[PDB]
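A protein chain is absent from this complex, but the other protein chains hold their places.
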Amino acid sequence: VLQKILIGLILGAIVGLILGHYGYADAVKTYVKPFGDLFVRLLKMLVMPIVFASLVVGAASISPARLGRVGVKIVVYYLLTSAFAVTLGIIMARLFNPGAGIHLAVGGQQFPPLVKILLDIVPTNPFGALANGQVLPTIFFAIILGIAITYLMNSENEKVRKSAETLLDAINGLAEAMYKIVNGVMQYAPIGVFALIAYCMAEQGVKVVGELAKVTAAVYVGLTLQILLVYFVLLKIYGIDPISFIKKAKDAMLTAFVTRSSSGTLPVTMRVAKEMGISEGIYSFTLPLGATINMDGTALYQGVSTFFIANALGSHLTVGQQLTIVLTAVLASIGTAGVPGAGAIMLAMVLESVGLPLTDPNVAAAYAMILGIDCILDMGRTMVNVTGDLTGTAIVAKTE
Amino acid sequence: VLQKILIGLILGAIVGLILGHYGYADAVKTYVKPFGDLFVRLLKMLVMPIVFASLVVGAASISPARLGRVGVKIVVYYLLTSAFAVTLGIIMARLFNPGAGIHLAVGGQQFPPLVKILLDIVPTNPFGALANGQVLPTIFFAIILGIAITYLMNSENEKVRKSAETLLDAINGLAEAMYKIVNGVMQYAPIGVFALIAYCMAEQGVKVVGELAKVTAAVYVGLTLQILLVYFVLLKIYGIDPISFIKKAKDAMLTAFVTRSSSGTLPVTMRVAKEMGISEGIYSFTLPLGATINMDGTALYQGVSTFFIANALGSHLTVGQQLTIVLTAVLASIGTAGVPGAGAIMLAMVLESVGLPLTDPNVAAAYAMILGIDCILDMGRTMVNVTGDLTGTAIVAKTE
Partner (left out) sequence: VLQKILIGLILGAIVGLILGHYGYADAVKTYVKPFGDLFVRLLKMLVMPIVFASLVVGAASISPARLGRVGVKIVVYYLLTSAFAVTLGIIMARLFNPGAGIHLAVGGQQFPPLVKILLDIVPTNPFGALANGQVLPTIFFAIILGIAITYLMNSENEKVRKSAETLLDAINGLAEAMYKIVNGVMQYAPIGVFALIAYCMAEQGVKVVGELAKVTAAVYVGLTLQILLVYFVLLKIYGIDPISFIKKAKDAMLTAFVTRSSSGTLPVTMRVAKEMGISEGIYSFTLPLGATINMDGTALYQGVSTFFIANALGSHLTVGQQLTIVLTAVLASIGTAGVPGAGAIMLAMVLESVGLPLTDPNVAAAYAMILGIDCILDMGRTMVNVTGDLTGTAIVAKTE
């Protein structure tokens, strides 16, 4: 009966698109949107406990072989599927030509060392990192905690074996409880989906016209091809049924699509991975990493929009400019956060790499138009972002 | 032997009232007051762990019937006992006439959407909400966690039943430990009560004179009538012996009276509810909620002081304005936090409701005079605030 999410999604996208066409976006923002916001509030509630607990228990696996190999593989999957998404976005923005009318405007006025990021992946107080919603530091600590718990259960002493067993059970009992709540809040998901889709359709409905229609088309048709030409093809190569994969991932896909936060849909994403029969050692490490590392819809978006500005500015991006886009957009997609709208902010990075700084007021003009339709683009962008998460999660799972 | 709190309270209110009448409030603030502050520090120490643990364990009950019915009942009790307390304060401030001398002054210069409060009751990181002292968000998460733990203990699998039992046991052992510390710090309570009663008596002793004596009298007599005509009567109606109820609640009453923080006296309040034989499913959820939601002494205070200001300005508050006072003071008593002094700040809200803004310097004169005696009033105010918590807690407990 949970397929009523589509019922809540489809006709919900209509009632908002109607009211917004009569100056009722304020009525949606005052009555309808709070319900969909509450849905996101409930989803964010479960992220930190379900990620920490499942990954401590998920570290009940061969630490050198399993964790090391699933890591060094999924990072190569993530890097390859993101480098292919930005090239596909380039190809889309090359077949298409979103920037046609050179529209100048005035008053745009837009706008972290690597060692300072890597050294912060290792926390200095996991109680704070858990209390501050830092997923990568708590992934690191929970990996080390579960491995230490496993080493405790293999000693000759029974007291330390009994204590480690008592700790790991309570942590698993927490994880199981968090998954049951995921099912509970996913039962309310059709209402929250209906509300969040009435908004962003009553607000950013009529805006998408002209050259904005081309860039939205170029992204979405490239996003579907990313699902088909990459995920579907690579799933069949490793012998994973694509139709059944999508039939299960409908929940996490649409939840990411409507919420636009890959970190907010991670509880649903983790539960779907449990539903398809994936080892906890796999999805509890692969998915929270890919939530902030694997952004395929972002790199495609970023590769399309980076042509739209230059195409609307007359700038001719040579093959070298396209390759620097491919490289820089991958790096920007890694840094892009699992929160709604972040990809538009880090899109500046690839714009700077091609000698198109946001300082130029003419560049800031087109940038303001993209942020005016980001809500639409971000929905499908996050969906493919999480779809690639579950794809490589299942691929590396069935690789072991 | 713990009744020496009264011994520490009574003669402690004298030694401060004596020393304060000879310019020794600095000696109390430098030597005596730190002991009562440490008492509050120990009480605040236990609030977050004892509330989270006891309510997770308290969620080992029929979730639809028990929790739903105890909720929809205690919220109506809270709304009715607060709406009666503000009317009783109005009746007191009408029998009395605190504002007689129109005293003008110079240099007063005094001085959250509902959806932003309701949507904030649902946390987004329970690790942080526990680390930030947010009782309403941790109440919500602990309800859902215990229900999920109960649903885990009813599955056919033994592993998830063992893990859920392991988790719920450690949480209960934490709650039990917190209650034992409550008894330990309650043994030191007579000293902290003696110290906190030397202060506010050495500081705010002779201050209460004239119109200040009238408004303080009208408040306390309404608070006693609220205790007698409401709590005692409704206790007897539901077959609860009032005298034995007071014999149980003596600890939480004097602690709330002395501490003035309903959230700081909540550990003592929770222990008293256990001692009088209440199930955790009832009191462990009702009390922390009512600590911040149910404030009857606040609504009575606010209903009395809002008359004193208008009476000291000559403005005639019509019967319609008196009804808006009843409504707004209830809302302000709901929003008032369980920390000392919040009710005087939330009095501004009902003052705005009657067209008496704090911007007007004549309004700021009487407002600053009320804040100059708030300490004394706040003591009895918090006492009735927690008394109404324990009253309805026992009523709805014996209703099941």
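We just call them A and B in the order they show up, numbering each chain from 1.
To be clear about the criterion, a residue touches a chain if its C-beta (ideal position, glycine included) is under 8 Å from a C-beta of that chain, and two chains touch if they have at least 3 such contacts.
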(request) Decide which residue listed in B:96, B:127 or B:220 touches the omitted chain of the complex. (result) B:127
(message) For the chain left out of this view, which of A:31, A:111, A:151 or A:188 touches it?
(response) A:151
(request) Looking beyond the chains shown, say which of A:46, A:135 or A:164 touches the absent one. (result) A:164
(request) Touching the absent chain in the whole complex: find that residue among B:48, B:142 or B:291. (result) B:48
(message) On subunit B, where is the contact patch with the chain that was removed from view?
(response) 30, 34, 37-38, 41-42, 44-45, 47-49, 127-128, 130-133, 166, 169-170, 172-174, 176-178, 180-181, 184
(request) Using the touch rule from the top, list residues of subunit A that touch the missing partner. (result) 115, 118-120, 122-128, 130-132, 141, 144-145, 148-149, 151-152, 159-160, 162-168, 170
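By our rule, only the chains that are shown with their structure count from here on.
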(request) Provide the C-alpha centroid distance between subunit A and subunit B, rounded to the nearest whole angstrom. (result) 44
